[PDB]
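Chemist: Spelled out from the first residue to the last, the chains are:
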Amino acid sequence: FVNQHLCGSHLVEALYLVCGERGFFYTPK
Amino acid sequence: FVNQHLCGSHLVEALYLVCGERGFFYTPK
Amino acid sequence: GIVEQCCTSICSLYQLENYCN
Amino acid sequence: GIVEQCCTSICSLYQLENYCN
Numbered sequence: 001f002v003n004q005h006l007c008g009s010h011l012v013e014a015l016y017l018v019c020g021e022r023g024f025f026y027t028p029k
Numbered sequence: 001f002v003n004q005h006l007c008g009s010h011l012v013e014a015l016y017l018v019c020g021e022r023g024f025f026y027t028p029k
Numbered sequence: 001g002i003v004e005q006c007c008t009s010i011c012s013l014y015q016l017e018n019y020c021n
Numbered sequence: 001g002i003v004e005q006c007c008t009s010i011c012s013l014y015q016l017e018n019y020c021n
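So the protein lines, in turn, are chains B, B', A and A'. A prime marks a further copy of an entry chain. According to the entry's author numbering, the residues represented by the first sequence are 1 to 29, in order. According to the entry's author numbering, the residues represented by the second sequence are 1 to 29, in order. According to the entry's author numbering, the residues represented by the third sequence are 1 to 21, in order. According to the entry's author numbering, the residues represented by the fourth sequence are 1 to 21, in order.
To be clear, the hints were calculated from the coordinates, so they are not data collected in a lab. Careful, some of the hints might be misleading.
What the hints assert, rightly or not - Label-pair distances were calculated between CB atoms; the ranges are:
| hint | chain 1 | residue 1 | chain 2 | residue 2 | range |
| --- | --- | --- | --- | --- | --- |
| 1 | B | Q4 | B' | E21 | 31 to 37 Å |
| 2 | A' | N18 | B' | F1 | 26 to 32 Å |
| 3 | A | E4 | B' | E13 | 15 to 21 Å |
| 4 | A | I10 | B | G20 | 22 to 28 Å |
The C-beta atom is built at its ideal place from N, Cα and C for all residues, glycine as well.
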């Protein structure tokens with residue numbers, strides 16, 4: 001799932017799924 | 001939608017929807 | 001932290017907005 | 001930034017993981 005265009009809520013979801021317990025920072029700038 | 005139990009991907013989605021262009025930091029600790 | 005405040009207890013706008021950049 | 005790299009162009013695992021804490 002990560003090797004595609006990921007926009008809006010799909011991007012945030014990809015980051016949630018990938019970073020797990022770490023969490024993540026989202027800055028769409 | 002924000003005045004409820006928001007867990008897992010629902011929480012990340014709530015933060016996406018609320019913080020808009022700012023973005024946000026997710027640390028589930 | 002966020003899971004404590006918003007998942008295992010009820011969330012609020014004020015708390016969500018504390019996590020915005 | 002992320003929208004540039006992952007939405008208007010194709011994303012990758014390496015780039016997603018740069019945004020993890």
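Chemist: Evaluate each hint against the coordinates.
Modeler: Hints versus structure:
no.: 1; hint: B:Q4 to B':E21: 31 to 37 Å; result: violated (23 Å)
no.: 2; hint: A':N18 to B':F1: 26 to 32 Å; result: holds (30 Å)
no.: 3; hint: A:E4 to B':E13: 15 to 21 Å; result: holds (18 Å)
no.: 4; hint: A:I10 to B:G20: 22 to 28 Å; result: holds (25 Å)
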